[PDB]
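First, one chain by itself in structure tokens, the form deposited in one PDB entry.
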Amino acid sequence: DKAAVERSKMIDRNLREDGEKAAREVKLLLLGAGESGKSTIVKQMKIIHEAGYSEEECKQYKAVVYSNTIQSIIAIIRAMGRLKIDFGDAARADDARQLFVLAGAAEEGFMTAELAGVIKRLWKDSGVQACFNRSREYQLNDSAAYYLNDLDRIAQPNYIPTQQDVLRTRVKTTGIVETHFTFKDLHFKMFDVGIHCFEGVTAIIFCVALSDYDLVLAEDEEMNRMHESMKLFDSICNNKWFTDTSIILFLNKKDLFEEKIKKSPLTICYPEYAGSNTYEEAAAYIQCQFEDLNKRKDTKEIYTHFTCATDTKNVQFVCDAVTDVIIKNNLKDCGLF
């Protein structure tokens, strides 16, 4: 372990009466465009380092799971009208009407056997599936298929959200969330911000949704999501405040990216791309595109990881590697408390 050797060279604890018990602090700034996976990484730190989610905690997310599911099916059904896609079975038109009747009369996310039946039959329909497969043409929750394929379980009367159900939720974050966890005897203070108050943070973790490459901003249908993310990364990576800050890049949603890359060409995002349309070549190209935005290459190193933030095991592996980089490079700028 090169990290253990490196940290063992520190002598600053000796200057403190109870130095060996002192807390070494690491501040991590968590950045990235909306829906890039920041809240999910936050949830994973709780799961991995601070004892997960109990069942009662999971229970609080029940109506969030229903809400996300309701939103997803409605977005697809509504898109069918705008894209002129017919139901595969004309009998589904009644189910579609009933979806709006049921969502329309409720105060918040909910589930009944009646609604489940409605959504289940809609989700199985060939025309709905065809609309689903053109989701790049509208705005659809990335977790749509996850919840809709598991609808039968979610619809059971004594349904209890699993940890993965909770990780899969999309929750509207406003403002700054700060989380604390201890790992490898470091006391991490993680800020979900998505900025001069964080000058001289130990490290930045910047999240990018790989699967955004063929999508558009909800605000401006003309604006390519990935180009927006690059511009944001450019504006962060080359900012005065962050020269001694380790810049970590999470190229996230690699699972979703791998699934669509065969069907939908990278050229939609990068017209000049002439590589093959495979997971390997297209992901590499995106990595190179982002790392290129760094204007101080022989000064600043970018530490890139491909992540699936909903996958606890991958996030645990990636977190472990990122932490070794910080221990090897940044401890001299981390204070004791």
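Throughout, rigid core stands for the largest set of C-alpha atoms superposing within 1.5 Å between the two forms. Residue numbers count along the first chain shown, from 1. Compared with the form deposited in another entry:
- Of the residues 232, 256, 144, 103, exactly one exceeds or equals a 2 Å C-alpha shift between the two forms once the rigid core is aligned, and that residue is 103.
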Second form
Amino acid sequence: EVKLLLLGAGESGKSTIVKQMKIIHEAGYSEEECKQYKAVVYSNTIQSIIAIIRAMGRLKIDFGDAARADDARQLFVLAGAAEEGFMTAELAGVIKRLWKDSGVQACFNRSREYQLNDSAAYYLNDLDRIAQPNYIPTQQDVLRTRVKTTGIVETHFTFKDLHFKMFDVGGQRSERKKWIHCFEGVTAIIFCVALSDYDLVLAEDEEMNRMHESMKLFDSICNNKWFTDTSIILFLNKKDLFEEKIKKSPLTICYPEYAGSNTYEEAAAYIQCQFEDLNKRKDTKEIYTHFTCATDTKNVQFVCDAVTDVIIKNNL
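Alternative state: the form deposited in another entry, after the form deposited in one PDB entry:
What follows is just the one chain, with no partners and no other molecules.
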């Protein structure tokens, strides 16, 4: 019996790690299970293009082509279907024309100035596939869905002759009061951090830098004496998004004193050191840090294989 608890701020990747355990250890999502995520995929897609369209109003960005204004009108006329798990060719055409517009793209590339699902581009770039008749979400489509977690999710799987119970909680501010309900009998905490959060602000609070929020939570959890004997695993997640972002968005937005280059290795290491330095007991408390892409099954499989070996050695 091994109890794993996933913790971290909102949208850090916790529930995506959960989905990966099903894919890796329990043979993935069945066809009926994938069909259940169809409405979620469509809902995320519609919400993402709408979120960009909303931002254009706030940021005063015009459509590149004036013909798009009528498409934008038709979007809201037809959007109701997607929410119910249906995607007509007509709605798909509207979204596709909107997504390709240079004004919409300009707004998309300023997404740090508002709140946009990380999977927006993933779904929007794949419209021809997901709009097809009898579309059934792939494992990756399922991995890419976003639903804010409320309450506590408990999942089971077997791995290396061990029976794992994995607990997942919401990370947004409204849900943090529920974390304590999960504090008993924890073998290991997997604390997830979105590396790409460094230039974002909280959905709950536009004045709070997302990564500063994550640091405060990690500081709180890592140094809590209740967890002295609980293995602390740190997943620096969304490394794929971070790799792309670091090229174009200065890390100094988050850490004014960062003097390294705009490249993956130096910046990733610097963030790791920022979190690890929050550990007030470096000689007596180890943090097991891994860089992850939670949507990437192979990456998660090898990482969690390494993590599991640590957990076995240190708690068994």
